[PDB]
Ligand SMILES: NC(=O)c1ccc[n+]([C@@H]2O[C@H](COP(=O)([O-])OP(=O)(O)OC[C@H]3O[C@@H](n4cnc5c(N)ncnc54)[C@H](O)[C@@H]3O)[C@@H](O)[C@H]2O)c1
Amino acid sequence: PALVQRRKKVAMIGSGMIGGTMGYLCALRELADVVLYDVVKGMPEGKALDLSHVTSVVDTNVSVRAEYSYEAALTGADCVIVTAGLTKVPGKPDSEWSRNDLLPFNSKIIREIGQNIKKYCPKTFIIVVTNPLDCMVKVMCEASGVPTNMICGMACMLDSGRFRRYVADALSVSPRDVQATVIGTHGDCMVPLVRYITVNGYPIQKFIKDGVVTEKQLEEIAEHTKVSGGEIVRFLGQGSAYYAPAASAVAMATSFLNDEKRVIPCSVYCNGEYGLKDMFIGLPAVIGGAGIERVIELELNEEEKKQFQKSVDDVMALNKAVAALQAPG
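May I have the structure for this one chain, in the form solved in complex with nicotinamide-adenine-dinucleotide (NAD)?
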């Protein structure tokens, strides 16, 4: 008979660690059919088979397939999560790992992906993961031409997740009940909002007064959060983090697909917020069936605005750089 209820379809443009991991989450939760795309042939087919096998093991039913062309991968995609790109620059020490160094390597790739999205699934919801995150979201937006509410970058939910895990451990509570947020550009200038930490809505200041945690401790946690990415890179030796990044991107995708209207900080288009225009940066936002339904503007104090400004300078510098060096075509 005629198909009335079509499963959601999520296209993983880039089938590396994060791409495969996100595909895993979709199969495990029967969230949507999955398509794995990558310039590397063979590997996506291997992961697609492995993942298809998972559905039987966990008693779920979604189709996991590798697609070789942009057309086959992107057509019909309800959401496109882009992880295509390099994680580390060849020959550079792990101690010098920087997301900004990936700019000259990933700009072209992201732009091309965006051009194909415009061509095959202009009505999709785009979740960019590729670094330098905030810069790549803007490139993707320009290239894909999708409405600004239909594109965002995953980063701050990951950064906040780290922030929350550390706070949760310090307070001996589930991270579910720790509301800790990191805003700004995903990089060395990200801004963990220590002043805004709450335990189920209760100000962190109360736990300082109670003698459970110290201000010093919280700032060390903020610092740890800022450098958590490099910490993992150095520990792993090869590649970078993927389990939390994948879980974060899928949580965002799920909030869109199920119109959950979850409040998740992510790289979103600024049209006046915090004083920013025509650019993307990590901010608290509401993700619903209409994409980014709201950008939350927090009341920042002097020091926070100073930190945020440095975060802004980081991404703005990268945005002018990319524009200056961009090929006409």
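Residues that one form lacks are left out of the comparison. Numbering follows the first chain given and starts at 1. Heads up, when I say rigid core I mean the largest set of C-alphas that superpose within 1.5 Å between the two forms. Compared with the form deposited without nicotinamide-adenine-dinucleotide (NAD):
- Superposed on the rigid core, the two forms differ between these two forms by 2 Å or more at the C-alpha of one listed residue only; from 241, 103, 146, 84 that residue is 103.
- Core-superposed comparison between these two forms: residues with C-alpha shifts of 2 Å or more form runs of three or more at 88 to 91, 95 to 105.
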Given for the second form:
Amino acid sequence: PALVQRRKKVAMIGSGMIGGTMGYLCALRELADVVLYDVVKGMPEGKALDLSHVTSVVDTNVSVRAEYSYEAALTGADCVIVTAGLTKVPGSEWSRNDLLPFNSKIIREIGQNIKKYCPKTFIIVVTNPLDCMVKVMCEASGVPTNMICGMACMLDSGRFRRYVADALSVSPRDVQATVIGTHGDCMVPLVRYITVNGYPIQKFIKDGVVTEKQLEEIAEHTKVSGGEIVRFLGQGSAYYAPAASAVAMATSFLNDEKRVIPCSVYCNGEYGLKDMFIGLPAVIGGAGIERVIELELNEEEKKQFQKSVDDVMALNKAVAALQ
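Shown: the form solved in complex with nicotinamide-adenine-dinucleotide (NAD); wanted: the form deposited without nicotinamide-adenine-dinucleotide (NAD):
Single chain only below; no partners, no other molecules.
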């Protein structure tokens, strides 16, 4: 008979370290069939076999396949997570003359193919410079603005929460700490908003549990966390947490969870921003980005966010100026 319930399908456009790790999460949790795509022949097929073997070991059943053409990787994809492209320099210069032309071109082409093969998909961009690339993707793919976002701020917020959790000796599940803005030295970790299960951090400072300076050192540590890992790895960059972040976003969409996750989202009025994507707290459900949350920022926070804004507007102009 006919297939009444089909498995969800997630297409990883890019099968380097983050793409393969995201495929691993899918196989481990039986979240969805996975297609690993890449322009470089070889890696995708070896990773897809290894991943198919994982299903046996952990007793799950999803199909993991490698595909090298857009039509086969994209067709039927409920969600597409893009990591394709050159990797940026930790924390402008070479990026404007080498990163930007190359990545804006490839993201645009991926979007044109999403428009062609899976116009109803939920797109999650990872490729940098993030906020800039999410706009290029939105324009090329033509999908509703609530159906595309970029993964970055959940990763930066996860780092922020891990450091605070160590300082307070609590599980990070119970630390709510958020970073908004764009992924670079420009990001804004909101120290003032930190809560421990909804209890403001100010009281923990008054009680001598942690000091203001300590929180600012944590905020600075969060900003340079990406580069710190790049330097230790020697080659490549972080992938375990970036993969878990993108997959948590994809899962909230696929299961209409309505999780609240900071991510690069489309603004039309919030924070006074128009027609642009930038990192902000959003609700992700079965209708994609269902709400962009507007926080009451104080003077200093507005000043740092403004910096993130100027930075995204400048890169977008540079992208337009290439056409």
